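Peer 1: These are the residues of each chain, in order.
There are 2 protein chains.
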Amino acid sequence: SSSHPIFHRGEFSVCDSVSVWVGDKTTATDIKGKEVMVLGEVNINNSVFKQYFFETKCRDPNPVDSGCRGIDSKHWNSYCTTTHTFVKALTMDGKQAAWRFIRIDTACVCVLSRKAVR
Amino acid sequence: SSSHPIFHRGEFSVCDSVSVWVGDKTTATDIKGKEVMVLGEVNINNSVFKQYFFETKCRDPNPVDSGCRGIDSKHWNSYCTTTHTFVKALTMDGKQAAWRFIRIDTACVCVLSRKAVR
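Protein sequence lines correspond, in order, to chains B and A. Quick note on numbering: the first sequence equals residues 1 to 118 in the entry's author numbering. Quick note on numbering: the second sequence equals residues 1 to 118 in the entry's author numbering.
Pulled out of the complex, with its shape left as it was, chain B reads as follows:
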């Protein structure tokens, strides 16, 4: 059996967002949780390469307009949370230089957050 629908056929959108490629990511939060100096460009011998980092701005879900079709924005909180991933950056934080994991936001997805605090 090959499920082409609910995989490729259908729809995979609810909340939209925009990711811009920045080479000026001078600092970023690493895996450990430390905001390390990423600089923006990696120095390979005598050649520097500005790495395209993703700055993702969440946008107000246009395919559903109000909130998120399905999620009750009264009982729950239809919110587009920013999904961030761990990319590799040549940072000079300690010793000389190391390729560490830094957290960059790469998408915004709608999730039903729970009402508890006003």
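Watch out, some of these pointers could steer you wrong.
Heads up, the list lumps identical chains together, so a pair's fine if it works in one copy or across two of them.
Said to hold, decoys possible - Only pairs whose alpha carbons sit at most 25 Å apart, straight line, appear in this in silico SDA-like list of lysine to any residue:
| # | residue 1 | residue 2 |
| --- | --- | --- |
| 1 | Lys-95 | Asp-16 |
| 2 | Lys-57 | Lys-95 |
| 3 | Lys-57 | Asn-46 |
| 4 | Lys-115 | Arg-100 |
| 5 | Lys-74 | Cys-58 |
| 6 | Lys-74 | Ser-1 |
| 7 | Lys-88 | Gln-51 |
| 8 | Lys-115 | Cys-80 |
| 9 | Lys-74 | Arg-103 |
| 10 | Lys-34 | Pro-61 |
| 11 | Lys-95 | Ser-3 |
| 12 | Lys-57 | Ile-6 |
| 13 | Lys-57 | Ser-2 |
| 14 | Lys-95 | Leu-39 |
| 15 | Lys-34 | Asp-72 |
| 16 | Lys-32 | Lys-95 |
Calculated directly from the structure, the hints in this document are not laboratory data.
Please arrange chain A on chain B, whose structure you already have, making use of the hints.
Peer 2: Relative to the frame of chain B, chain A by itself:
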């Protein structure tokens, strides 16, 4: 005004998934759509570094069990789609070596896919 709820206070989970760190990503689909030879390890002069890539397996949403609370699995298709990001890999596909964007799945999020094809 500082919205701590619907941002930090609340809940941000609906579909769970697991990302494993692999250093044996020998090939991956680049930004252009070509499955390039990533090898798995980057060669920096005389030092090779196996880059931790993310292989994310989608899991059956346990916080909601059946499908996705809010999404009607009869009218719509509650499906956890795998969100993939563009990481940088030193590939030897052309000339000598270049740091290209390759697509790796980093998360799985539930979206109401549309019924159309069976």
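Peer 1: State the violated hints by number, sorted upward, taking the hints as numbered earlier in the document.
Peer 2: Violated hints: 1, 2, 3, 4, 9, 10, 11 and 15; rest satisfied.
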